[PDB]
Amino acid sequence: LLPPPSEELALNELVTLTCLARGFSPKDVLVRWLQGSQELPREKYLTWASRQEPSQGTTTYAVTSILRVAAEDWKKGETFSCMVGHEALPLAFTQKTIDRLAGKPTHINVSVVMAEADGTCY
Amino acid sequence: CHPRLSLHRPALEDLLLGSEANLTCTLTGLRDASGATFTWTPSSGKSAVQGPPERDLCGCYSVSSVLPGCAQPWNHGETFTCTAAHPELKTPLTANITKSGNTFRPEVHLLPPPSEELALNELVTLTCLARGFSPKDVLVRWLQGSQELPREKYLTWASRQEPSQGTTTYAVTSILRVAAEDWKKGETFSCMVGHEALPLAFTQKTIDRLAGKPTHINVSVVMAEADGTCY
Amino acid sequence: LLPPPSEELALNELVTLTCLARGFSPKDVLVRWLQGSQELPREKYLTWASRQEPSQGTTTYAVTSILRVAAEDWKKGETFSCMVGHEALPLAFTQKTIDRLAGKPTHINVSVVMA
Amino acid sequence: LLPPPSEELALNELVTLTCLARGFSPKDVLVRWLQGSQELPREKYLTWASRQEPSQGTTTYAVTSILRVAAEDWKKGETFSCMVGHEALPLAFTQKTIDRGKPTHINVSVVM
Amino acid sequence: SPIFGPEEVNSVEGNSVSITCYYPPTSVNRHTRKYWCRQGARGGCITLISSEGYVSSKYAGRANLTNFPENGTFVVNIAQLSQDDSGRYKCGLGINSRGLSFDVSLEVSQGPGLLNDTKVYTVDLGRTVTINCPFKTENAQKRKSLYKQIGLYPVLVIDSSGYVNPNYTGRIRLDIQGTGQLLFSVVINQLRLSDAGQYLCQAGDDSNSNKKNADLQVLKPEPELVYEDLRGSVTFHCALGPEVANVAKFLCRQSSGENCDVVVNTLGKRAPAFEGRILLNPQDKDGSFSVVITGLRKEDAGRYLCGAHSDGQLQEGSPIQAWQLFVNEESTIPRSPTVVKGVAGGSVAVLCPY
Amino acid sequence: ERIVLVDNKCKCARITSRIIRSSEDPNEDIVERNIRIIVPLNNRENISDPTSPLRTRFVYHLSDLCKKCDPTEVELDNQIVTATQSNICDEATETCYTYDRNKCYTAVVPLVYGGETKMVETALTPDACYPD
Ligand SMILES: *[C@@H]1O[C@H](CO)[C@@H](O[C@@H]2O[C@H](CO)[C@@H](O[C@@H]3O[C@H](CO)[C@@H](O)[C@H](O)[C@@H]3O)[C@H](O)[C@H]2NC(C)=O)[C@H](O)[C@H]1NC(C)=O
Ligand SMILES: *[C@@H]1O[C@H](CO)[C@@H](O[C@@H]2O[C@H](CO)[C@@H](O)[C@H](O)[C@H]2NC(C)=O)[C@H](O)[C@H]1NC(C)=O
Ligand SMILES: *[C@@H]1O[C@H](CO)[C@@H](O)[C@H](O)[C@H]1NC(C)=O
Ligand SMILES: *[C@@H]1O[C@H](CO)[C@@H](O)[C@H](O)[C@H]1NC(C)=O
Numbered sequence: 351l352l353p354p355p356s357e358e359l360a361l362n363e364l365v366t367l368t369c370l371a372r373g374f375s376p377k378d379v380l381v382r383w384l385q386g387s388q389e390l391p392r393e394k395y396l397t398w399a400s401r402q403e404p405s406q407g408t409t410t411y412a413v414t415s416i417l418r419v420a421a422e423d424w425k426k427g428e429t430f431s432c433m434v435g436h437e438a439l440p441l442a443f444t445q446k447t448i449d450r451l452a453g454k455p456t457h458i459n460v461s462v463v464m465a466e467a468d469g470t471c472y
Numbered sequence: 242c243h244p245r246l247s248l249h250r251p252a253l254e255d256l257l258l259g260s261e262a263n264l265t266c267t268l269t270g271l272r273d274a275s276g277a278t279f280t281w282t283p284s285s286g287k288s289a290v291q292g293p294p295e296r297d298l299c300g301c302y303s304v305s306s307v308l309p310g311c312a313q314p315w316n317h318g319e320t321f322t323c324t325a326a327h328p329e330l331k332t333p334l335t336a337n338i339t340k341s342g343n344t345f346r347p348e349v350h351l352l353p354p355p356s357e358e359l360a361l362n363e364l365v366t367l368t369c370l371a372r373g374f375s376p377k378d379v380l381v382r383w384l385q386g387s388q389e390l391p392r393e394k395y396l397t398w399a400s401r402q403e404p405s406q407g408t409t410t411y412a413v414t415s416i417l418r419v420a421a422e423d424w425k426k427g428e429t430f431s432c433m434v435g436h437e438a439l440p441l442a443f444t445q446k447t448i449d450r451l452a453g454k455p456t457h458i459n460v461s462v463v464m465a466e467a468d469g470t471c472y
Numbered sequence: 351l352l353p354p355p356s357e358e359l360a361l362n363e364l365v366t367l368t369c370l371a372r373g374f375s376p377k378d379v380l381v382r383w384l385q386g387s388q389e390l391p392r393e394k395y396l397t398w399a400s401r402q403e404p405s406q407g408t409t410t411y412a413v414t415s416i417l418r419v420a421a422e423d424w425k426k427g428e429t430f431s432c433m434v435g436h437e438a439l440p441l442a443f444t445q446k447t448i449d450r451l452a453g454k455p456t457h458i459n460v461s462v463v464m465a
Numbered sequence: 351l352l353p354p355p356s357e358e359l360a361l362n363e364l365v366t367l368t369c370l371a372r373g374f375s376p377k378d379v380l381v382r383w384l385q386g387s388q389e390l391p392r393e394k395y396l397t398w399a400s401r402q403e404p405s406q407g408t409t410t411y412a413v414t415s416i417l418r419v420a421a422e423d424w425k426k427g428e429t430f431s432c433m434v435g436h437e438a439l440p441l442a443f444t445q446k447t448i449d450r453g454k455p456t457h458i459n460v461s462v463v464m
Numbered sequence: 002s003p004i005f006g007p008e009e010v011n012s013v014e015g016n017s018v019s020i021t022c023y024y025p026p027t028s029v030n031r032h033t034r035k036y037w038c039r040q041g042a043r044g045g046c047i048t049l050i051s052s053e054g055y056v057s058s059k060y061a062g063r064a065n066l067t068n069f070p071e072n073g074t075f076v077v078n079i080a081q082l083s084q085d086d087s088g089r090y091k092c093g094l095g096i097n098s099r100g101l102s103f104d105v106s107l108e109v110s111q112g113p114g115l116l117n118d119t120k121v122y123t124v125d126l127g128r129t130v131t132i133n134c135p136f137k138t139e140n141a142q143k144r145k146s147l148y149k150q151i152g153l154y155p156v157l158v159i160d161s162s163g164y165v166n167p168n169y170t171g172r173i174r175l176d177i178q179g180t181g182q183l184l185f186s187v188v189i190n191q192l193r194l195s196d197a198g199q200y201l202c203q204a205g206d207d208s209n210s211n212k213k214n215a216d217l218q219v220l221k222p223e224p225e226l227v228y229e230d231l232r233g234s235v236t237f238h239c240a241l242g243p244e245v246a247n248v249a250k251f252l253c254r255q256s257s258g259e260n261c262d263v264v265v266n267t268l269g270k271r272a273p274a275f276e277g278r279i280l281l282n283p284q285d286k287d288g289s290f291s292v293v294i295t296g297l298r299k300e301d302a303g304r305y306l307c308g309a310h311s312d313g314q315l316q317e318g319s320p321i322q323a324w325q326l327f328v329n330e331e332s333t334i335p336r337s338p339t340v341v342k343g344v345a346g347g348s349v350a351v352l353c354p355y
Numbered sequence: 004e005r006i007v008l009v010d011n012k013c014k015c016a017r018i019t020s021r022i023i024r025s026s027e028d029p030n031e032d033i034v035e036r037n038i039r040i041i042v043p044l045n046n047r048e049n050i051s052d053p054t055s056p057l058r059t060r061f062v063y064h065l066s067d068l069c070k071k072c073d074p075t076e077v078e079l080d081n082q083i084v085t086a087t088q089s090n091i092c093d094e097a098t099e100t101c102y103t104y105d106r107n108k109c110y111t112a113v114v115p116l117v118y119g120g121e122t123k124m125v126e127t128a129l130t131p132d133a134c135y136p137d
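Chains as they are written, first to last, in the authors' numbering: chain F, 351 to 472; chain B, 242 to 472; chain A, 351 to 465; chain K, 351 to 450, 453 to 464; chain C, 2 to 355; chain D, 4 to 94, 97 to 137.
So here's chain F without its partners, still in its complex pose:
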């Protein structure tokens, strides 16, 4: 899952989230979307088709999907998820969940404390 680009956040209208699934040997896949824990209906996003990619030895495939949401509630702190189902996964499904706080930061603070006292980590 990829976060929105930086130059869509200035306009404060609508932002785009991209979902990329790569490297699967059969040509069948499922893609759904969730907001919070509520599934969105299928007429709110656009999914392309599955095609084969330039050959690094063996033949594998790829697929994409995008979704547009409001710019205000992305900043309020809602979470979104892209869910991908394929018959080669062990639990038949897999999920990634993204939001604004779990992203590339602007400031980083690092503090290293040295503890002669104990080694227990309360």
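Please note: incorrect hints may appear among the correct ones.
[Said to hold, decoys possible] No more than 30 Å apart at the CA atoms, straight line, and that leaves these computed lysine-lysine pairs for BS3-like: (1) F:454 to D:70; (2) F:377 to D:71; (3) K:426 to A:446; (4) D:71 to C:342; (5) C:342 to F:446; (6) F:394 to F:446; (7) C:59 to A:426; (8) K:426 to A:454; (9) C:59 to B:377; (10) K:454 to A:446; (11) C:299 to F:425; (12) D:71 to F:425; (13) C:212 to C:145.
Note that these hints are calculated values from the structure, not bench results.
Using the hints, position chains B, A, K, C and D with the ligands against chain F.
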């Protein structure tokens, strides 16, 4: 002189490292002898054997009798009573004993050698201190690497009562002298203390050359990807 | 005279000091403690008996002693001493001193690598 | 007991140690020197006599002495001590040692 | 952070005190070290009494500390209090330089000495009190004034013929059993916090301006500590007296800017955030009832007040009770589905943990 | 310092984050991230007694700290399905730098009792090892 009777708890090394746990009930101050007998309130196998008497101060009879197989009732918190009648007194005597309550567990400390012993390069000494435990029974054992040392190579004192800051507590020490080449190779030595109040009945501390008067602190922290989309 | 263990200073109650005398042939000896210049009373510390130590060359003896002082006085920078009296010493006494420094390490090297 | 001025430490021939006593009521002392745990003979050092210091109100005294020792074992790390005897002390003696007061070095490096 | 106790504690000299601190009952937390320490300035947080047998020199003969593992609580008693014991303290578990603590504030006030020429009355906030004033055998035909020294003005706002203040209206009377003997009295209904201070009573006057003092103390209630955890339930017990058993009672929650917010009423109110998970029970012969709240979230923690009024809101001059709640959130209650869906004609099956 | 992402107790590392709606330029704002490492200066490399000397090198990979591999529950249509949450959790096996307050750590030592030897068990962290 006039007689007396007492009762003694089982020894610590047999309750921790062993299976059998014999109580004992003794009788001192007896004049010549007796054909006496004793009394124990749980008696499901109480083969209270006596054995031979001993000879005491100026001439006295001192005979005793033990009671085998009393480990798990002692650990559960039960009570035992001894009572004996004999010729050379008016009335039978009595005594009782029980496992202690309101105990504390020791704080164990292992100390590095002093700085001026390392220069002469002949032998060094390590100190093991235990502190603040409520019954006065304790054991001390030393290891080299991961093998136990023989008992005749170190020296342990007795448990004594320390000055009071509240509840009465005890303390004990021990020292071990090892070759100064093994300290500089990087061998490790360990001190073990067993007590009634510890969880698994033993605890240990370890020391070697890099830990203790270190004269050097080297530490290197590597953080890989600080800006990295943490989900 | 041994410095206190590092596990103990993190509780802010009391710190303990350890004195050890080793390798003397007649087994009679005295141990006294001080704080600065003032001698402390006997009921403030604990000494053990003078046992015989396990060697094979000759017969020598050893003894220990502990003193527990307050953590606020250890932080303030006061000094404590251990005196030992024996027949074989030429001036009948010898003294060792300690304070909150001089167990502190010589130098520290820390390196953080942000890569 | 005062450690050894770096001006003669730079030369690496010999160094001077100074023992100073101050503030005692009768004019009677005994000063001896040691090394390690062995006592030195009295011909290796000199010792002045007891002068009276002028100070606030009452009258006290002071003594000094000087020992010179080889810089080889002092660089190696052999330790020395000074003893002072007086009758106002409870155990009749005190003793101060010294050895090669340095602070801690601290190296912190960050690598990007 | 999971540790909880009384935030502020007051007493006077010579008296004793008893402090209780709460912890999660896990087996590490029962066998570990408990401590009471005085967080002074200049770095350290020096320990005064501990669980392993340490008692300090200043606390010798005065204190002890008892650990109760089945409650998950431990108590500290301190006798013979002084004025040097005012400061900031800490409960705790384990090692002091970590943060498994809780802050406690303790203030000790100076007691009474050599000024005992008054007859004081103490009273709960929103109750009745009497101020007795001995009438004598000549001073009947004067004014029976009653000042209260706002600053040092004699502020007569009560007279015993009706010359009253619009401030103190609707609740002041007198009742006659005097006419020659040595008493009359005035009953004061529904006291406030505003009505404290020193009263210079009189009953008539013989002109030396001779003075009588009768002072009162009005006190706000002490909250009871409740310790619950996430996804659990709580009950309050509101136990006001039988004098108000025909009044409509309520329960608010204190907010920042002195603002109760009504959770329940007796005339049929409710917050929307408590729909489905609150009960209120019919009151007994003593007029005592209980309020049950289940499914405790994180933001439920705070001070609660139960009271009584004719409308069901926090108005001044009403009797109150108090509580302080802590939600633990290091809980051991297993998580569960909150919503279960179904269709018409089908089944459901829900799992209920005890 | 507002929302916790990672609270790891095998390595004793904690990562928080907060949107700081800064004062100047009030229609843009920063994302701050705080990391806290507590380094033990007396632990061994393996947690047994005589292993190897004290650890002097400490490595932290933020791609491993933020990892999530326990299965979750997702309501898709009118259903409950189980899904994974990560691409890399092909496998305990991780090395820990500190202890943990809620877990026992024991050892085994052979000692002699006159005749044979035994396999005496020894608690390394005594607070967490009572049988209860
Ligand atoms: C870190 O140290 C621990 C503790 O020493 C290591 O675990 C232990 O490894 C030994 C040797 O592999 C195991 O001993 C084995 O015991 C069984 C009987 O149970 C026996 O069949 C074998 O022949 C061998 O003697 C021991 O069970 C094991 N576990 C413990 C003590 O809990 C561990 O491997 C070390 N890890 C690293 C990464 O160094
Ligand atoms: C749990 O706390 C309660 C306090 O509400 C304890 O109850 C008191 O215990 C003491 C014993 O030290 C008694 O003297 C009191 O009479 C008890 N009641 C009151 C109202 O104070 C109770 O002991 C604690 N739990 C356990 C198992 O001890
Ligand atoms: C144990 O003996 C003592 C006498 O020293 C007596 O006071 C006590 O009651 C006895 N206890 C029992 C349980 O017999
Ligand atoms: C010690 O604790 C007991 C509780 O059994 C208490 O009654 C007593 O007042 C305490 N002693 C003090 C505070 O001196």
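Going through the hints against the structure:
1. F:454 to D:70: Holds, at about 16 Å.
2. F:377 to D:71: holds (28 Å)
3. K:426 to A:446: Judged against 30 Å, a Cα distance of about 21 Å means the pair holds.
4. D:71 to C:342: Distance ~28 Å between residue 71 of chain D and residue 342 of chain C Cα, so the pair holds.
5. C:342 to F:446: holds (25 Å)
6. F:394 to F:446: holds (19 Å)
7. C:59 to A:426: Given that 30 Å is the threshold and the Cα spacing comes to 19 Å, the pair holds.
8. K:426 to A:454: holds (20 Å)
9. C:59 to B:377: holds (28 Å)
10. K:454 to A:446: Holds, because 20 Å separates the two Cα atoms, which is no more than 30 Å.
11. C:299 to F:425: holds (23 Å)
12. D:71 to F:425: holds (24 Å)
13. C:212 to C:145: holds (12 Å)
Checked against the numbered hints above, the structure breaks none of them.
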